[PDB]
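Q: Let chain B serve as the given structure and place chain A with the ligands on it in line with the hints.
There are 2 protein chains.
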Amino acid sequence: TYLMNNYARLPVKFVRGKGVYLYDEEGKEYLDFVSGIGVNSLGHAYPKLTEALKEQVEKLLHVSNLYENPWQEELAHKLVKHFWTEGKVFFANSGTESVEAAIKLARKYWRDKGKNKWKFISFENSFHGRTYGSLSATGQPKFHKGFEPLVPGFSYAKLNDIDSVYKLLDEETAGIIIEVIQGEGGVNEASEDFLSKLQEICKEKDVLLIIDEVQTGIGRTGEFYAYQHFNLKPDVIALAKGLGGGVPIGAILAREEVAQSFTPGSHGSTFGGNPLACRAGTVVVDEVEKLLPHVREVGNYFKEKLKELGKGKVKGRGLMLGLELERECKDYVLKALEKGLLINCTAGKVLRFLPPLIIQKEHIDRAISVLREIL
Amino acid sequence: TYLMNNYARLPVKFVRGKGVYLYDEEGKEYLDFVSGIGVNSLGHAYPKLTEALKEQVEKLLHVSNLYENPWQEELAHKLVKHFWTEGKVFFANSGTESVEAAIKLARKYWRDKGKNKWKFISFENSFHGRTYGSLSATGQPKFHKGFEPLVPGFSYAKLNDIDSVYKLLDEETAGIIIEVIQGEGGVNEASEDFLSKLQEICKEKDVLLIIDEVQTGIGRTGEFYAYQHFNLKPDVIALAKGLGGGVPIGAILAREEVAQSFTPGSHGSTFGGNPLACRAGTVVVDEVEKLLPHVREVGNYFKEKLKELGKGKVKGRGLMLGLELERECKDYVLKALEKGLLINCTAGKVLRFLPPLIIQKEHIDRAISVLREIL
Ligand SMILES: *Cc1c(COP(=O)(O)O)cnc(C)c1O
Ligand SMILES: *Cc1c(COP(=O)(O)O)cnc(C)c1O
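Protein chains in written order, with the authors' numbering: chain B, 1 to 375; chain A, 1 to 375.
Hints are computed from structural coordinates only; laboratory data are not their basis.
Some hints could be false.
Said to hold, decoys possible - Derived DSSO-like pairs: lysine-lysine, alpha-carbon spacing no greater than 30 Å straight-line: (1) A:54 / B:78; (2) A:113 / B:142; (3) B:115 / A:203; (4) A:59 / B:48; (5) A:233 / B:145; (6) B:59 / A:59; (7) A:335 / A:290; (8) B:145 / A:205; (9) B:203 / A:145; (10) B:13 / A:59; (11) A:18 / B:48; (12) B:290 / A:54; (13) B:54 / A:290; (14) B:145 / A:203.
Chain B on its own, in the form it takes in the complex:
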């Protein structure tokens, strides 16, 4: 192999996909309940997306941000129209690049006011990216192992433990970074009470609330933005994964007053906001908005069916669900694979389900059927 050994790849290779199914060279069909880790929001070979991309490829792939990028304005408008207040967007290429932008925006925001707030409070079991800024925010030392020193200023509180947050907070704290639901961390849900308090603290202590919606964003949980389940009012949010339906894209959306700190030359990206990614993003956002009622309906159904299995605690909401097992779930992933079902195991014993947002109840029953056979 000419590739570095940083991944633990499953012994399977796909060549094509269509709808919620993937196929290997052998022609064997696989029901996809991982969607490339919540990236293939519209499944594979989605007609509207496929046709749009084929057209864009022949027209213009990239010109860079040296020039005006109208397509960025169009997509941004659709993202901001769903935000709780007036806001602006900066486009990136991935979730980690998006979190990086949010951290830089938060720090410069206070510096612009002549205030020395540069610290951040994130949470244990969180995952915000692998690049240095995002890695420092990621509350999992195992991922830090060998790369220290990280960016100074990051401390880790505990999810649903408001007291752990108060303890790490001081007058030098720029922001609090959190995932409404921690995906990679085991589909851990921040409670309404905790989130409500977290918001109050940010208003009270004058600290920015930064929500990482890279995994929960764009309809994944049953609302366009997961923060909307609790009427939260984030200062900045990070987005990626499902936003591009398979095409690499990322973005941060900040409220007007905060966005102002991203002045000319303060930050940028070469590939960021290229016409291909924005074309894909435009298709996805319009489609997810129409699918939301279905995502809520199919999601509730899927959660109910999981509870019926009586094989562990069911976590999450919408189509970001988990099944906490008593044993390590690594082996179940292999057994499901042999049976033509793609599932994921994270946090050691939590099966993570991230099917495409176009998933139907019939496909759900098919997946539940396999689970009942292997658990």
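A: What follows is chain A with the ligands alone, placed relative to chain B:
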């Protein structure tokens, strides 16, 4: 606007490209000598690239590195074939993500060996990216302002000043990061003598040599990798931009021994190595190696014509050229634009030229004529 104000965009809206030409919303035609900052290596609507991408879009966009990605193997193989020794590749989505991966690999490398080397020496006027790790390596304080503290351990020496390197090198130095030719910094060329000694220092002081080829890589300077002009032997190189011909992609290539340190779970990327990016890279790499002789010839032709204008010092190699003017080049960019020519101004007074690698002499003459009339 719905976009943050972090860019200083020229008032031109492109909508389509064909060959080495771009067309804006008014249908006006522009000869592209910037190629989106050296990204559109094969120009726009390149037949072979377009057909390959359209075919890929219909089949598979993304599966994630949870599974085997054969397309990653194929592209890596082609990139390693041109490397000076045996190595491995890690795929990212941008140049900044690539430099970040390199910094991480270098630090973990020494940790695996039981050693305490975590510092890096980079150079003034260098540009390696905007995310925290890369931002720390970037030797331009103006890009740091408001974002500190950065990742600890970075110091900046002076290009072609070997003594400035010694004054910063100690036993805790993990590696030296450099651009063979600093593009963004003003197309600054590292001398053969300097690079020779720098290579010497690394071997004798036992420090890793990391060359950032995001801008110089993939044929831009006449050779597949710019370091080949000096028979250098880097431990790690970073690539991006032109590698994808317009599609976002990035990567680091490291010789076998260093690559070993990227163990399972140590690093990763959700979008990294997706089939769309790899299909693009595969086409570009095959086409570019066939263009190398052409790049060298048209490149030398262009450089000579630039010298003939007698309007400044000509810098660069191959098709990465610059013209250092007596005063700011801000206005000339606009004047050239008005005359249907896209050029770039960097380092305040350096006009940078990065035409597509398929550019021909007839096209060069066209650009030269415009330059003669405006300079
Ligand atoms: C997956 C994920 C990331 C990383 O996204 P990348 O595109 O791999 O950089 C960051 N934050 C959260 C919450 C994620 O789920
Ligand atoms: C352009 C450039 C980068 C940044 O690449 P991005 O994709 O914008 O992160 C890094 N290093 C060098 C040498 C570059 O020219």
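Q: Now look at each hint and say whether the structure bears it out.
A: Here's how the hints hold up against the structure:
Proposed proximity of residue 54 of chain A and residue 78 of chain B is supported: the alpha carbons are some 26 Å apart, at most 30 Å. Restraint check: the Cα-Cα separation between residue 113 of chain A and residue 142 of chain B comes to about 18 Å, which is no more than 30 Å; the hinted pair holds. Our distance criterion of 30 Å between C-alpha atoms is broken by residue 115 of chain B and residue 203 of chain A, whose separation comes to about 45 Å. This hinted pair checks out: residue 59 of chain A and residue 48 of chain B have alpha carbons roughly 14 Å apart, not beyond 30 Å.
About 28 Å separates the Cα atoms of residue 233 of chain A and residue 145 of chain B, which keeps this hinted pair within 30 Å; it holds. For a cut-off of 30 Å, the pair hint linking residue 59 of chain B to residue 59 of chain A stands: about 20 Å separates their Cα positions. Note on residue 335 of chain A and residue 290 of chain A: the hinted pairing is violated, with a Cα-Cα distance of about 35 Å set against a maximum of 30 Å. Proposed proximity of residue 145 of chain B and residue 205 of chain A is supported: the alpha carbons are some 25 Å apart, at most 30 Å.
Our distance criterion of 30 Å between C-alpha atoms is met by residue 203 of chain B and residue 145 of chain A, whose separation comes to about 26 Å. With a C-alpha separation of about 13 Å, the suggested pairing of residue 13 of chain B with residue 59 of chain A holds against the 30 Å cut-off. Our distance criterion of 30 Å between C-alpha atoms is met by residue 18 of chain A and residue 48 of chain B, whose separation comes to about 25 Å. As the CA atoms of residue 290 of chain B and residue 54 of chain A are separated by approximately 27 Å, the hinted pair is consistent with the 30 Å bound.
For the given pair, residue 54 of chain B sits about 26 Å from residue 290 of chain A by alpha-carbon distance, which is consistent with the 30 Å threshold. Pair hint residue 145 of chain B plus residue 203 of chain A holds up; C-alpha atoms about 27 Å apart against a cutoff of 30 Å.
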